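Take a look at this single chain in structure tokens; it is the form deposited without nabumetone.
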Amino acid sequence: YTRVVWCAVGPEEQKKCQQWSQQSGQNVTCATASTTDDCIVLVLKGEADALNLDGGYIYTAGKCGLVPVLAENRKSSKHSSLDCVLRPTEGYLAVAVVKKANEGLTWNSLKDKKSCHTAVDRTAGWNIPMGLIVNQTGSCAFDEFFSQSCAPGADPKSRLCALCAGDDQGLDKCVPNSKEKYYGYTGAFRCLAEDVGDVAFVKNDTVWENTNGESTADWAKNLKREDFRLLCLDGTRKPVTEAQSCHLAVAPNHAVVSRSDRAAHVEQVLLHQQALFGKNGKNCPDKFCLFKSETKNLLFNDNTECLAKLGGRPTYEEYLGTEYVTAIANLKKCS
């Protein structure tokens, strides 16, 4: 009765989930929704068990009583003696990325430029940059700051969706799932790369994984890191190798959430699913890799090395951290 129902956001995640479902012998099966918020509702109704969320979505889910269960953990250096499953998580760097050739764009000259955001309510793509901008401007009018944006999940007719491209048919403009061409870390970095926007709010790892041949994908295969700079909060611009001194925040890793009443079962099932399909899994690369989707970050980030146990059975507030939680609260006072 530890069949776990995974919630897949949009059709491409649904398709990966189906392949996992098949390979797991139906130990995992799939519910699908059009948006992460709808997936959280399925979970609240007990029609789905679990999904992996960005931190801004953990805030939504945790306000509704869902709880973190295991965290994404990626490649490390300190704690290298520890198994991935037991290693604490280190968070990721939220950065603002621009074209090196867009000279004299700084953090301080962002007003009226064109932005690319991973999705509204996400950590690096939205709560951190807009939280900081609202704070620095003294103004809740975050929808008037950038001239045009792609911020998937905003009103499709608003300027915050103007740059979004929708799917290969032009349908679904600005839907917050991977059907939207500019959705997600990779979508928003693509919106910069193709110069639809002036600035992408993604994380440090995005830049590296879609540059210098790390991605074979047609829009990314020719990008060189040297053509990009980070915007530091002090007004300077740095190379993308300096993200440790040039970021907007350290974000809590993406984590699996579930209803509390199902958390222990979801954990057990996932720990065994990743022994089969995770990074050195018995059946990956052979049959299925849970943490691969050709750079589209479907269900989990493709840079995930394992899902790791959480120290201290944290509540969603403890997992997010008090400072991040309050930053999210404060920003939400605007809208």
The other form holds:
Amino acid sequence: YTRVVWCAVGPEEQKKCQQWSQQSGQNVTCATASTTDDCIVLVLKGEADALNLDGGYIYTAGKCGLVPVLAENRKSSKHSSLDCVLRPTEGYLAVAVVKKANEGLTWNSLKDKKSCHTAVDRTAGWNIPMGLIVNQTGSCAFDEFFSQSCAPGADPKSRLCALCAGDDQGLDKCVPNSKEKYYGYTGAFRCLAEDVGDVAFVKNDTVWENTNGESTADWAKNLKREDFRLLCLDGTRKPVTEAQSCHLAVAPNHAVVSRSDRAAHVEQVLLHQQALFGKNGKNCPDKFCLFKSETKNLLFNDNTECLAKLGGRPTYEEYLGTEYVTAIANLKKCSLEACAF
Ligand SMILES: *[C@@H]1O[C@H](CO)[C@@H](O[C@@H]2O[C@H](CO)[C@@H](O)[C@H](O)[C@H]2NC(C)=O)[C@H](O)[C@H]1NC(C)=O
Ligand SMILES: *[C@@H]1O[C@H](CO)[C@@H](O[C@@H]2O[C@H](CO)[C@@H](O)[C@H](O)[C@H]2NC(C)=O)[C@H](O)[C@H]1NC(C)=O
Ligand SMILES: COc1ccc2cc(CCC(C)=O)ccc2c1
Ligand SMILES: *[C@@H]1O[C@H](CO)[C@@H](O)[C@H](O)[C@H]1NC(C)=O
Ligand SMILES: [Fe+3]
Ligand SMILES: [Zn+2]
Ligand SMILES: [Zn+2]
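Switching forms now, from the form deposited without nabumetone to the form solved in complex with nabumetone, please provide the structure.
To see the whole picture, the full complex is given below, headed by that same chain.
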């Protein structure tokens, strides 16, 4: 009667979803698809109810009629009187990250370097950096800017996938799910950390959560923040402590989307689910933590404190903000009002 079908992207998210499903007594169940776009289609068909999406994906989903329902909310400094669920989200900082040792690499020298992206169509990983590059370059040939990239979701035979590594068996190169070694925030940062790419397009939080012992993962356990620099738009380089003065954009927080007709029910169930499995949840960590994935950001980002209610009932365009929507629209002209499916 009140069962929510979550859409998991790839087999690792599927595994976490199944654990959530078990622990929830089948109040949540799981559909799985290979890509985020496929999950959006499942939701559109009514074969799944909801999933949590990066802003670039919210754009795709929103064009197709899906609506934002609750947003990720991480640790915050203002909005102090307020409980996390009622606290207004503050967006995250999209950054360009390089190795300090890669001296003289700036925003202005990026042409014909190697790049690491979270995925095509994602905010910090793609829409922001490529939007800026297309703009300043005056060219839609964003596929010819970097010499090689890992941009999960691009054509696997193209240079945009050249740096992608696939899964442990070396299969699924460039798939836009966590099976691709260099997928997502953590994967794109790993792509930089291992010096596969010269630059990673990620968010401020990724740099911090994967350095100075914050991650015990083999590739990350030895990383020091001091070995990294942020690329500012004015051509300068800054320590990763300076993200507030050296970022590419403020991104709208990842958020849960659903069909408008299921939004009320999805919200209700999620608010109850996080009461059980969220940050201070009754049953986390003893049984299941909804916002933990061993840094793999499965289903939700690992730094999520809670899912927050959205003031005003925003449309997807209101949630993303007019400037970001128009930035995406402008970028999409390279590849105006219609669902892609
Ligand atoms: C960039 O991201 C990092 C990681 O999320 C932020 O550092 C955290 O900030 C909170 C307070 O907001 C601290 O209580 C945590 O201890 C910090 N985490 C770590 C691992 O150090 C940092 O504030 C962000 N910088 C900006 C400018 O937003
Ligand atoms: C890239 O350039 C386009 C075109 O100038 C930008 O789109 C403009 O954005 C401003 C500020 O939000 C709007 O007031 C204009 O109406 C937009 N112009 C057009 C022609 O659509 C876009 O924001 C830029 N992209 C990025 C990522 O900065
Ligand atoms: C943290 O993620 C969010 C959440 C809601 C947002 C709402 C807006 C509204 C600004 C407009 C034009 O609606 C902008 C950016 C937003 C970013
Ligand atoms: C499932 O949902 C109902 C409320 O609709 C509740 O009675 C039941 O205990 C819930 N259990 C879990 C584990 O979420
Ligand atoms: Fe994102
Ligand atoms: Zn700013
Ligand atoms: Zn409104």
